[PDB]
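The chain that follows stands alone, in the form deposited in one PDB entry, written as structure tokens.
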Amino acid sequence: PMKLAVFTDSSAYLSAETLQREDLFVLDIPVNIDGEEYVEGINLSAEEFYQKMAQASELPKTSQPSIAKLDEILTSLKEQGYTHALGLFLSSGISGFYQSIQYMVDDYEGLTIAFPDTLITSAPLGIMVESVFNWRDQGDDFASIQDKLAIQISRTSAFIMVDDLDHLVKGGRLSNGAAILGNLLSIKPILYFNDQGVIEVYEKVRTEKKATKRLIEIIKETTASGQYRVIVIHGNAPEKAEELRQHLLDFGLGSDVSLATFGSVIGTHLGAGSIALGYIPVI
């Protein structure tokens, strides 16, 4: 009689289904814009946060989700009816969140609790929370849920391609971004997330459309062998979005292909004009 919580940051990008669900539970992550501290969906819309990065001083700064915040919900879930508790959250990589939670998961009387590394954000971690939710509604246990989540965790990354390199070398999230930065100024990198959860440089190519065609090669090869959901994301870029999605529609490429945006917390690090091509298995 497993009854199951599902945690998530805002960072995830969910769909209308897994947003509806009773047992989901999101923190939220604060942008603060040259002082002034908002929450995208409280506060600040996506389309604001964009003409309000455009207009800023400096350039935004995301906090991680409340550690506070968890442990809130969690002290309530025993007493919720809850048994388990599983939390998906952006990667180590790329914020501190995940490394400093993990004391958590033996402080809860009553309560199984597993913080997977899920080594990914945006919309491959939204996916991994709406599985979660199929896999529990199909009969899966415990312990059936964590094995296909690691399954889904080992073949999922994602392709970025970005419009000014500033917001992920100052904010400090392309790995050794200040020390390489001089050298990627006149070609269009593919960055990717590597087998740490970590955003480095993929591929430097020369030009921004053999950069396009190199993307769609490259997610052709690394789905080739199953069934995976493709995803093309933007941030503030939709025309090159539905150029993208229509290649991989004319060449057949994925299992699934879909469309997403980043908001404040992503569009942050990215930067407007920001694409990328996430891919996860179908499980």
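Rigid core (definition): largest C-alpha set, two forms, superposition within 1.5 Å. Residue numbers count along the first chain shown, from 1. Compared with the form deposited in another entry:
- Annotation: the position in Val105, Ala143, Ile151, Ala178 displaced by at least 2 Å at CA between the two forms, with the core superposed, corresponds to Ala178.
- Taking the rigid core as fixed, one finds a CA shift for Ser76 smaller than 2 Å between the two forms.
- Relative to the superposed core, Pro65 shifts its CA atom by less than 2 Å between the two forms.
- In a rigid-core overlay of the protein, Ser255 has its C-alpha displaced by at least 2 Å between the two forms.
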Given for the second form:
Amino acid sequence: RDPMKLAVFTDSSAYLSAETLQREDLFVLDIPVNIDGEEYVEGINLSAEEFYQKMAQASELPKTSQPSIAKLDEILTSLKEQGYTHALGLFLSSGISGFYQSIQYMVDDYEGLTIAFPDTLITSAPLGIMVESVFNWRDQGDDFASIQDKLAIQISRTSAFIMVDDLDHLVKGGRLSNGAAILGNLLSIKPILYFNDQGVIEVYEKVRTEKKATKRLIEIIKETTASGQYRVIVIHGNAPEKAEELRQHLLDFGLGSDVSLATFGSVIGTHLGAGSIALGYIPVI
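Can you switch from the form deposited in one PDB entry and show the form deposited in another entry instead?
Coming up is the bare chain, nothing alongside it.
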């Protein structure tokens, strides 16, 4: 491996594989979720499996907070003092959190520590695979500049396509424009949303029904992944039967172990609400 002494950061909106969660020098900044005046951190005092029902019994909509910039600063200061030479931070999209813009002033603040915080434009399982890939590339002997190049390609060719049971959480949480709600009919319509090339959640297509929207997610992913080898992830929030159906369609298309399943927990589920489904994709670089 390269003789840099590298630290990798992400936040808990990333869906991290068991592989990645074992890796050295990985720092995950937790995102707290306020429910009825109490602060929860998934994996500490909140399990992902209790979240949707807990939210349904809440007296106001839960609210997420940004990853802690104070803890990022303290960790970076510490890593500098312990002789680390490089830090890579892969955080949730600038289009869904002010955290990315807030940390841009820190990049040059730590003498002797080379820092990069590229805008990943994504979250959830694709973000987690970016983190995984960083370690894979390190294991190939890649240095810091080569890792950044490879990340830049992944970022440019990654997105996710999303359908929610109801647009209320997204609009009320602020990550989807207010207009989008009147954009479209009512209960029945199931718009497909995606991460656009600015990392912002945008309406892709207004679909009339859930059954069609399910098919359309598959058809869109067949198109967007046609050039090369991609990881495709079926991601759901309390929608396991729909997720398994989609996974079966992708396996029948031939995706094999390149298709996997993940879940939306408390952080993303606060914004998407229960009953949500997404297909994420990211090239294997």
